[PDB]
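The lines below spell out each chain.
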Amino acid sequence: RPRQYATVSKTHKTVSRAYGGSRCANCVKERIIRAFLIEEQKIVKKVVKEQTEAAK
Amino acid sequence: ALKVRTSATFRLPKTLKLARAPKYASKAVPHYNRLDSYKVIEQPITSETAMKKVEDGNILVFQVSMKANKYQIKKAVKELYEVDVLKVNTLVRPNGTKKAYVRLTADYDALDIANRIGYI
Amino acid sequence: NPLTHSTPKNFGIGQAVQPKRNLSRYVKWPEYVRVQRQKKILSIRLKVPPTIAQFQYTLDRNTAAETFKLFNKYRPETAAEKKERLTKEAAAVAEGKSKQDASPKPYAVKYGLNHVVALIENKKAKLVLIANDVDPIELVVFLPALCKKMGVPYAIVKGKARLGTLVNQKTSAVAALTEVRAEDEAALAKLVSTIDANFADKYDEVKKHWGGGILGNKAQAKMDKXXXXXX
Amino acid sequence: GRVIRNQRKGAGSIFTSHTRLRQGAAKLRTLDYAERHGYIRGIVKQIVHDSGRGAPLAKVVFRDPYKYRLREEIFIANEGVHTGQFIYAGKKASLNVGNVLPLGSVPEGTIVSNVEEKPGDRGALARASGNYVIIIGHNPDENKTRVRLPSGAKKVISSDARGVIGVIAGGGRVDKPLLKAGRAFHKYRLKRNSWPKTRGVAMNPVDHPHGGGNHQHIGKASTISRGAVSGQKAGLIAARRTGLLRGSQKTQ
Amino acid sequence: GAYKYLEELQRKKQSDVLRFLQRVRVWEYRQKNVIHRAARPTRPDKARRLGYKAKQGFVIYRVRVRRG
RNA sequence: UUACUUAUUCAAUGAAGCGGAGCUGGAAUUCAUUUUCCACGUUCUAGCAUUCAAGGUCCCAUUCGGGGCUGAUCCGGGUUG
RNA sequence: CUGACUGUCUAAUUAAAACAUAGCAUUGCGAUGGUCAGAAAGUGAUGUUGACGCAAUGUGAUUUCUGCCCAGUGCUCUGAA
RNA sequence: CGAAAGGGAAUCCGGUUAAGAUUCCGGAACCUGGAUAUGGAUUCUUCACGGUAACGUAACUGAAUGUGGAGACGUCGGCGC
Ligand SMILES: [Mg+2]
Ligand SMILES: [Mg+2]
Ligand SMILES: [Mg+2]
Ligand SMILES: [Mg+2]
Ligand SMILES: [Mg+2]
Ligand SMILES: [Mg+2]
Ligand SMILES: [Mg+2]
Ligand SMILES: [Mg+2]
Ligand SMILES: [Mg+2]
Ligand SMILES: [Mg+2]
Ligand SMILES: [Mg+2]
Ligand SMILES: [Mg+2]
Ligand SMILES: [Mg+2]
Ligand SMILES: [Mg+2]
Ligand SMILES: [Mg+2]
Ligand SMILES: [Mg+2]
Ligand SMILES: [Mg+2]
Ligand SMILES: [Mg+2]
Ligand SMILES: [Mg+2]
Ligand SMILES: [Mg+2]
Ligand SMILES: [Mg+2]
Ligand SMILES: [Mg+2]
Ligand SMILES: [Mg+2]
Ligand SMILES: [Mg+2]
Ligand SMILES: [Mg+2]
Ligand SMILES: [Mg+2]
Ligand SMILES: [Mg+2]
Ligand SMILES: [Mg+2]
Ligand SMILES: [Mg+2]
Ligand SMILES: [Mg+2]
Ligand SMILES: [Mg+2]
Ligand SMILES: [Mg+2]
Ligand SMILES: [Mg+2]
Ligand SMILES: [Mg+2]
Ligand SMILES: [Mg+2]
Ligand SMILES: [Mg+2]
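These protein sequence lines are chains A, B, C, D and E, in that order.
With the first letter of the first sequence counted as 1, position 47 gets the number 47 in our numbering; the numbers rise by one all the way through.
With the first letter of the second sequence counted as 1, position 66 gets the number 66 in our numbering; the numbers rise by one all the way through.
With the first letter of the third sequence counted as 1, position 168 gets the number 168 in our numbering; the numbers rise by one all the way through.
With the first letter of the fourth sequence counted as 1, position 181 gets the number 181 in our numbering; the numbers rise by one all the way through.
With the first letter of the fifth sequence counted as 1, position 44 gets the number 44 in our numbering; the numbers rise by one all the way through.
Source of the hints: derived by calculation from the structure; they are not laboratory data.
Each hint should be verified, as a subset may be incorrect.
[Said to hold, decoys possible] In silico BS3-like links for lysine-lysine, alpha-carbon gap of 25 angstroms or less: (1) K9/C to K92/D; (2) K13/E to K83/C; (3) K83/C to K46/A; (4) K187/D to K9/D; (5) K40/C to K55/E.
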């Protein structure tokens with residue numbers, strides 16, 4: 001119960017990974033993938049709409 | 001010229017905030033210490049129920065002021081009688097008097113201490 | 001150097017938390033700020049009658065600074081000066097004669113509104129400076145035309161605060177000299193001449209014109225736009 | 001005579017709305033630079049149920065144009081909208097269900113929810129389960145788009161007023177018979193002390209002008225003039241007609 | 001002195017000058033609070049008249065009641 | 001019948017980006033000129049977006065710390081309807 | 001015979017066939033608003049609402065129908081004057 | 001301000017009185033606020049290792065700021081414990 005976590009040790013309130021508490025395993029996997037593909041495809045959006053720049 | 005305000009919000013500009021330098025000092029002569037020791041501890045509660053407590057329990061049972069508190073009770077028993085006070089326990093009698101039970105540390109003998117104070 | 005990179009911010013809609021720009025335009029200022037700001041403003045739209053539009057005509061920095069450096073030569077008696085003069089005059093003249101006339105006939109700037117008026121009324125004054133900022137304005141509106149009718153050279157100067165310290169006070173409203181030592185009467189003319197061609201001969205023509213208007217910025221370019229564009 | 005029921009409702013007391021269980025009031029985003037000029041994305045974090053309002057509410061989280069923080073706005077879920085959808089809002093937005101565009105920026109024939117009367121009041125028209133206004137035309141003579149509200153009244157508003165594409169979710173709520181009385185009891189338990197309703201021709205002449213009896217009838221006309229006094233307004237008020245009709249369609 | 005010009009001015013209440021002053025000031029007053037302390041008499045010729053001497057311990061207050 | 005915006009009236013906002021004009025740049029007319037138009041950061045994804053910002057450039061001798069100007073055009077102080 | 005039903009009421013002479021109900025029908029209103037409150041108000045209920053809504057009357061489940069009459073009372077009106 | 005029935009930091013058995021006890025006695029705990037030292041852990045790859053993984057552990061620096069979770073929640077019923 002909430003205030004009881006203030007009488008307890010950090011290993012009781014985390015796992016060891018990005019988002020200890022907070023998010024759950026697969027929710028960080030999807031966090032990662034989505035992040036990687038978006039920022040990559042960002043450049044793709046950029047390079048491609050710099051091909052249409054030197055097209056006109 | 002101008003001035004750069006990064007906040008649309010105007011606020012009461014912090015100002016000096018002086019400090020009271022009187023000229024005729026409220027009270028004339030401060031009150032003497034209300035609740036002194038003799039005022040704190042008021043009277044010994046000598047009743048056969050409470051005598052048996054001093055006998056077989058090492059407890060000094062004094063009536064105390066209602067204004068008094070546990071801290072103040074432990075203090076004035078400790079000064080007025082020259083004794084160490086394990087702990088203090090207060091219950092407010094039905095006639096409004098504040099009965100305090102005081103157990104003395106294993107050093108002191110509360111029965112000795114009792115007819116020391118002068119009563120059996 | 002190639003160990004630092006040059007990561008540039010976008011600050012366009014839908015990205016990049018906007019940078020602390022300046023909001024002095026958009027401040028929700030205190031009420032007492034807007035009141036004084038909006039009373040002048042209000043007093044800027046609506047046609048102003050001339051006898052108040054007579055003001056606003058202040059003076060040039062030059063004739064101003066000229067008419068000050070002159071007035072500055074006739075300060076009143078200061079505190080410790082009237083102090084000793086009276087320990088001088090009163091003690092000795094009443095221990096002898098000379099009806100207090102134990103002192104030179106003085107040459108001060110003269111001030112006090114009722115006072116400067118009774119001057120102008122009596123044709124005893126020579127050059128009157130009326131402040132352009134008195135409140136209420138009625139305290140003075142009659143002067144420019146009271147002056148004109150007595151033919152007493154006046155001029156509407158800038159600073160009720162200046163004339164003040166000009167007469168050793170916080171504020172003064174009016175300040176006007178009647179006497180002046182003989183070593184000066186020459187600057188008198190050249191000041192009154194150039195003045196009486198702004199505040200006197202101009203009066204009649206000026207009182208025929210009201211003020212006010214000034215749509216302020218937005219609505220004015222909008223009429224500068226309806227005109228420029230639709231013509 | 002006594003104070004008839006419909007006057008006692010004005011003071012409050014017993015008749016004020018029950019609002020404990022209500023998610024925050026529904027409102028659009030405040031009309032900021034972003035929406036006035038461009039657009040701004042948002043994710044529907046969840047669609048939720050606001051008590052005594054059949055019509056789901058949509059929670060859409062928008063990053064803060066000006067400060068590092070998230071601002072959750074409360075929309076009315078416009079049907080089709082779905083957890084994870086992206087809601088773009090503003091003059092430049094595109095024409096998809098759920099996005100919020102000014103009425104100028106939409107073609108004629110666009111149907112649209114929660115639209116503002118005066119631009120920036122965060123939503124006035126058609127917020128009821130399954131409703132929608134329709135743009136009937138424009139008119140660049142002051143940004144004023146003409147729309148048709150669910151009453152059928154075609155009222156002109158300013159094309160800078162925003163709406164939200166699509167129709168209000170919660171479709172045929174009033175098609176299912178309430179059946180029994182408890183169903184109705186619960187309906188208003190979450191709303192306001194309006195039910196049950198006693199007919200005033202049951203009353204005595206003191207609690208209603210329909211009141212007295214010897215025969216439950218109304219007495220004189222039950223149509224009362226627009227400008228009667230409270231205490232006589234009970235019945236069909238400015239009734240410009242009465243009786244059965246089946247009206248078909250509306251005002252066009 | 002200047003007062004007799006304040007008294008006589010103050011009696012031409014529809015002169016274009018005063019109307020304008022009446023306008024700007026009746027606007028100013030509404031905005032300040034209903035009872036607000038007065039920096040200094042708008043009508044020095046009159047406060048004088050009714051007793052006010054411009055000295056310490058005299059206090060001028062403006063106020064706004066509601067008509068009808 | 002009607003234009004004005006300061007009285008009065010209403011809406012919001014933690015009074016942010018209103019108003020006028022400019023860089024940039026792509027088309028035009030004119031039988032050449034400025035006579036104007038036009039545009040100027042975000043839309044496959046239930047990521048991320050904060051430390052007066054990284055960069056750039058000047059300063060203090062600069063030991064580590066600061067600061068300024070651009071970065072973010074200028075001009076109105078009508079918060080905006 | 002009655003009321004559709006469960007349900008409510010005359011605490012202390014009436015529990016019903018009365019009241020309510022769901023269902024049906026009607027009326028006002030798009031917020032500068034409908035209804036209602038207040039001595040007034042920078043006032044207040046509906047409203048954390050917006051016609052699948054709120055407000056106001058009637059009739060009283062289903063089935064089945066709901067005729068004729070706008071002269072009178074009343075309500076209403078993009079109507080001559 | 002508004003809950004001795006909602007939210008909520010932490011105690012238990014034994015014993016005892018004419019009448020008190022989850023308070024008293026005896027024993028064994030826990031919470032909180034405050035203190036501080038030693039043991040440990042960490043470190044020359046400075047701010048810990050391991051497990052492919054879900055995760056583990058006596059630990060294993062963290063200001064602004066952000067955010068997420070617990071507080072925190074209807075009713076019936078059968079089934080499991
Ligand atoms: Mg106690
Ligand atoms: Mg002196
Ligand atoms: Mg009555
Ligand atoms: Mg309420
Ligand atoms: Mg809630
Ligand atoms: Mg149906
Ligand atoms: Mg109610
Ligand atoms: Mg009820
Ligand atoms: Mg009904
Ligand atoms: Mg009924
Ligand atoms: Mg009856
Ligand atoms: Mg009656
Ligand atoms: Mg009647
Ligand atoms: Mg009947
Ligand atoms: Mg003073
Ligand atoms: Mg009145
Ligand atoms: Mg604004
Ligand atoms: Mg029979
Ligand atoms: Mg029955
Ligand atoms: Mg029954
Ligand atoms: Mg009875
Ligand atoms: Mg009887
Ligand atoms: Mg019965
Ligand atoms: Mg009827
Ligand atoms: Mg009935
Ligand atoms: Mg039927
Ligand atoms: Mg019939
Ligand atoms: Mg027939
Ligand atoms: Mg008729
Ligand atoms: Mg007829
Ligand atoms: Mg008519
Ligand atoms: Mg409290
Ligand atoms: Mg501790
Ligand atoms: Mg939560
Ligand atoms: Mg609960
Ligand atoms: Mg639940």
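Cross-check of the supplied hints:
1. Restraint check for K9/C and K92/D: the C-alpha separation of about 22 angstroms stays at or below 25 angstroms, so the hint holds.
2. With a CA separation close to 48 angstroms, the supplied pair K13/E and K83/C exceeds the 25 angstroms bound.
3. About 87 angstroms separates the Cα atoms of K83/C and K46/A, which puts this hinted pair outside 25 angstroms; it is violated.
4. Taken as a hint, the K187/D and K9/D pair is honoured in the structure, with Cα atoms around 19 angstroms apart against an allowance of 25 angstroms.
5. The straight-line distance between the Cα atoms of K40/C and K55/E is roughly 29 angstroms, outside the 25 angstroms bound, and the hint therefore fails.
When held up to the earlier numbered hints, the structure conflicts with 2, 3 and 5 and fits the remainder.
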